Amino acid sequence: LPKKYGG
Amino acid sequence: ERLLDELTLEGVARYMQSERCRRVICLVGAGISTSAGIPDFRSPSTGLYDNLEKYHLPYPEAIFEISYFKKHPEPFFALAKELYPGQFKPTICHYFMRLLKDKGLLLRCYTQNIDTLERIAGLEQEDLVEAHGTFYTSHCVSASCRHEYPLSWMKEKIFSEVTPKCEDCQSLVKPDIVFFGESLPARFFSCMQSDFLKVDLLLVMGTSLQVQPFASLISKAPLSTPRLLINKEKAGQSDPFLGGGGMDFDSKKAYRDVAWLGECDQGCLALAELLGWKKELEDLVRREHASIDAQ
Ligand SMILES: [Zn+2]
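Chains as they are written, first to last, in the deposited numbering: chain B, 3 to 9; chain A, 56 to 298, 304 to 355.
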C-alpha cells in the first residue's frame, strides 16, 4: 500500500 | 446545464434541500480545528522542526519517520507532550457535520486531522476516514501482539514522561497516527473507491488541498457533483506551474464549484442559517461545549 511521504 | 442554480452559498443551500442532494462527503483539514486551539501540524509556521536540538536527530524530519521513531521514540513523545492540547472541544464545523449525520445526509467525512474532534463531536467509526490516522487509539507495535490502548492511557504516559510500553509484551506503544514511511490506511482507498460513486455534494472545509493523496479526492467526484469550499483562502485550483479535476470557481467555464472565504465556523454557521438549522446548531454546540466544560 502507498506509504506516507512529504508531498 | 448544472445542478446548482447559481454558484453561491445560497445556490448550494437550495440544492441541499432539493430532492437531488441526498449524500454529502466532507473533506476536512487543519482549518476546522484551529478555532479549537489545535495547531496545523503540517504548516512550517507551527515550528515542529525548530527546537529539536537536544534530540540529536540525523535530520529534522526523522522525528516523524516510523523507522527512526521505533528505535528512538523519546523525541516524538517529548514533542507530543509540548503540543498536547489543553482541551478537546470540537468546533461549530465539527458539530455541523454531526447535524449532517443526524439528518441522514452524511455519506462520509474524510479527515486529515489527528486530533479526535470528529469523534468527540459524535461522528462514528463508520462515518469517518481518518486519512492520517488518529490519536484516539494507540497500539503496541509488535505484530504478534497489537494490544490496543485508549487515549487516556497514552496521555498519562506522555505527561509522566514515561515512554509507553505494552503491558503484555513490553514493546513500544504508538499512537494510531500515520508516521512518514508508514502505509496509508487501507480504509482510505477502499472507501474512496465506493463513496465517490454515490456522492451528491462535496463539502471541502479547512484544507488547502496541498497534501497528497488526500488532495486528489476532489478529482474523484463525478463531473456533475457540486463542490463547496469553506476556507480562509481559495484552494484546489490547478497549479499554473505543475499542471485535471481542479476547482474552477471563477472562469466563464465554471459550473459547479463555489468558494466561501472566511473562518470555517462562520461559513458553516452561514450555511446552517440558510438551511434553517441555525438554532439546532447553536443548541447542539452550546450543549456539547457545556458538557465538555463540565467534565
Ligand atoms: Zn504488546
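Derived by calculation from the structure, the hints in this document are not laboratory data. Idealized CB from N, CA, C, for every residue including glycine. One or more of the hints may lead you astray.
Said to hold, decoys possible - Result set (DSBU-like, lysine-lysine): computed pairs, CA atoms no more than 30 angstroms apart in a straight line:
{"no.": "1", "chain 1": "A", "residue 1": "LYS275", "chain 2": "A", "residue 2": "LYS125"}
{"no.": "2", "chain 1": "A", "residue 1": "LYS220", "chain 2": "A", "residue 2": "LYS136"}
{"no.": "3", "chain 1": "A", "residue 1": "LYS156", "chain 2": "A", "residue 2": "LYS312"}
{"no.": "4", "chain 1": "B", "residue 1": "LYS5", "chain 2": "A", "residue 2": "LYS338"}
{"no.": "5", "chain 1": "A", "residue 1": "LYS109", "chain 2": "A", "residue 2": "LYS126"}
{"no.": "6", "chain 1": "A", "residue 1": "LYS313", "chain 2": "A", "residue 2": "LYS144"}
{"no.": "7", "chain 1": "A", "residue 1": "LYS158", "chain 2": "A", "residue 2": "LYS338"}
{"no.": "8", "chain 1": "A", "residue 1": "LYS253", "chain 2": "A", "residue 2": "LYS312"}
{"no.": "9", "chain 1": "A", "residue 1": "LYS339", "chain 2": "B", "residue 2": "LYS5"}
{"no.": "10", "chain 1": "A", "residue 1": "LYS287", "chain 2": "A", "residue 2": "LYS156"}
{"no.": "11", "chain 1": "A", "residue 1": "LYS158", "chain 2": "A", "residue 2": "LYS289"}
{"no.": "12", "chain 1": "A", "residue 1": "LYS289", "chain 2": "A", "residue 2": "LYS312"}
{"no.": "13", "chain 1": "A", "residue 1": "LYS313", "chain 2": "B", "residue 2": "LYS5"}
{"no.": "14", "chain 1": "A", "residue 1": "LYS136", "chain 2": "A", "residue 2": "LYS126"}
{"no.": "15", "chain 1": "A", "residue 1": "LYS287", "chain 2": "A", "residue 2": "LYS312"}
{"no.": "16", "chain 1": "A", "residue 1": "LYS275", "chain 2": "A", "residue 2": "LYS158"}
{"no.": "17", "chain 1": "A", "residue 1": "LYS158", "chain 2": "A", "residue 2": "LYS287"}
{"no.": "18", "chain 1": "A", "residue 1": "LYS158", "chain 2": "A", "residue 2": "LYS312"}
{"no.": "19", "chain 1": "A", "residue 1": "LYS312", "chain 2": "B", "residue 2": "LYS5"}
{"no.": "20", "chain 1": "A", "residue 1": "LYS275", "chain 2": "B", "residue 2": "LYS5"}
{"no.": "21", "chain 1": "B", "residue 1": "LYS5", "chain 2": "A", "residue 2": "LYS109"}
{"no.": "22", "chain 1": "A", "residue 1": "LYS125", "chain 2": "A", "residue 2": "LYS210"}
{"no.": "23", "chain 1": "B", "residue 1": "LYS5", "chain 2": "A", "residue 2": "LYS158"}
{"no.": "24", "chain 1": "A", "residue 1": "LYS144", "chain 2": "A", "residue 2": "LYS158"}
{"no.": "25", "chain 1": "A", "residue 1": "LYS126", "chain 2": "A", "residue 2": "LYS220"}
{"no.": "26", "chain 1": "A", "residue 1": "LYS144", "chain 2": "A", "residue 2": "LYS312"}
{"no.": "27", "chain 1": "B", "residue 1": "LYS5", "chain 2": "A", "residue 2": "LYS136"}
{"no.": "28", "chain 1": "A", "residue 1": "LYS126", "chain 2": "A", "residue 2": "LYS253"}
{"no.": "29", "chain 1": "A", "residue 1": "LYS212", "chain 2": "B", "residue 2": "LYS5"}
{"no.": "30", "chain 1": "B", "residue 1": "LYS5", "chain 2": "A", "residue 2": "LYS210"}
Claimed, not checked - Chain B is faced by these chain A residues, among others (derived, beta-carbon under 10 angstroms):
{"no.": "31", "residue": "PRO113"}
{"no.": "32", "residue": "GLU116"}
{"no.": "33", "residue": "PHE234"}
{"no.": "34", "residue": "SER238"}
{"no.": "35", "residue": "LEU239"}
{"no.": "36", "residue": "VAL266"}
Against the structure, the hints:
{"no.": "1", "hint": "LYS275(A) / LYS125(A)", "in the structure": "35 angstroms, violated"}
{"no.": "2", "hint": "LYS220(A) / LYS136(A)", "in the structure": "16 angstroms, holds"}
{"no.": "3", "hint": "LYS156(A) / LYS312(A)", "in the structure": "35 angstroms, violated"}
{"no.": "4", "hint": "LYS5(B) / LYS338(A)", "in the structure": "41 angstroms, violated"}
{"no.": "5", "hint": "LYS109(A) / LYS126(A)", "in the structure": "17 angstroms, holds"}
{"no.": "6", "hint": "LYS313(A) / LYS144(A)", "in the structure": "41 angstroms, violated"}
{"no.": "7", "hint": "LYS158(A) / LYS338(A)", "in the structure": "14 angstroms, holds"}
{"no.": "8", "hint": "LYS253(A) / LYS312(A)", "in the structure": "28 angstroms, holds"}
{"no.": "9", "hint": "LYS339(A) / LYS5(B)", "in the structure": "43 angstroms, violated"}
{"no.": "10", "hint": "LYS287(A) / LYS156(A)", "in the structure": "24 angstroms, holds"}
{"no.": "11", "hint": "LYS158(A) / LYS289(A)", "in the structure": "28 angstroms, holds"}
{"no.": "12", "hint": "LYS289(A) / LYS312(A)", "in the structure": "17 angstroms, holds"}
{"no.": "13", "hint": "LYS313(A) / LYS5(B)", "in the structure": "36 angstroms, violated"}
{"no.": "14", "hint": "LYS136(A) / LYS126(A)", "in the structure": "19 angstroms, holds"}
{"no.": "15", "hint": "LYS287(A) / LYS312(A)", "in the structure": "23 angstroms, holds"}
{"no.": "16", "hint": "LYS275(A) / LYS158(A)", "in the structure": "24 angstroms, holds"}
{"no.": "17", "hint": "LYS158(A) / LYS287(A)", "in the structure": "27 angstroms, holds"}
{"no.": "18", "hint": "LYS158(A) / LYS312(A)", "in the structure": "35 angstroms, violated"}
{"no.": "19", "hint": "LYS312(A) / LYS5(B)", "in the structure": "39 angstroms, violated"}
{"no.": "20", "hint": "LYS275(A) / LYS5(B)", "in the structure": "20 angstroms, holds"}
{"no.": "21", "hint": "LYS5(B) / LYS109(A)", "in the structure": "29 angstroms, holds"}
{"no.": "22", "hint": "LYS125(A) / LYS210(A)", "in the structure": "19 angstroms, holds"}
{"no.": "23", "hint": "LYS5(B) / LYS158(A)", "in the structure": "36 angstroms, violated"}
{"no.": "24", "hint": "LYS144(A) / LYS158(A)", "in the structure": "22 angstroms, holds"}
{"no.": "25", "hint": "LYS126(A) / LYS220(A)", "in the structure": "13 angstroms, holds"}
{"no.": "26", "hint": "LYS144(A) / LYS312(A)", "in the structure": "42 angstroms, violated"}
{"no.": "27", "hint": "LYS5(B) / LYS136(A)", "in the structure": "26 angstroms, holds"}
{"no.": "28", "hint": "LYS126(A) / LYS253(A)", "in the structure": "43 angstroms, violated"}
{"no.": "29", "hint": "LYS212(A) / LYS5(B)", "in the structure": "28 angstroms, holds"}
{"no.": "30", "hint": "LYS5(B) / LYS210(A)", "in the structure": "27 angstroms, holds"}
{"no.": "31", "hint": "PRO113", "in the structure": "16 angstroms, violated"}
{"no.": "32", "hint": "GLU116", "in the structure": "8 angstroms, holds"}
{"no.": "33", "hint": "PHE234", "in the structure": "7 angstroms, holds"}
{"no.": "34", "hint": "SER238", "in the structure": "4 angstroms, holds"}
{"no.": "35", "hint": "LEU239", "in the structure": "5 angstroms, holds"}
{"no.": "36", "hint": "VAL266", "in the structure": "8 angstroms, holds"}
Hint compliance for this structure: hints 1, 3, 4, 6, 9, 13, 18, 19, 23, 26, 28, 31 are not met, and every other hint is.
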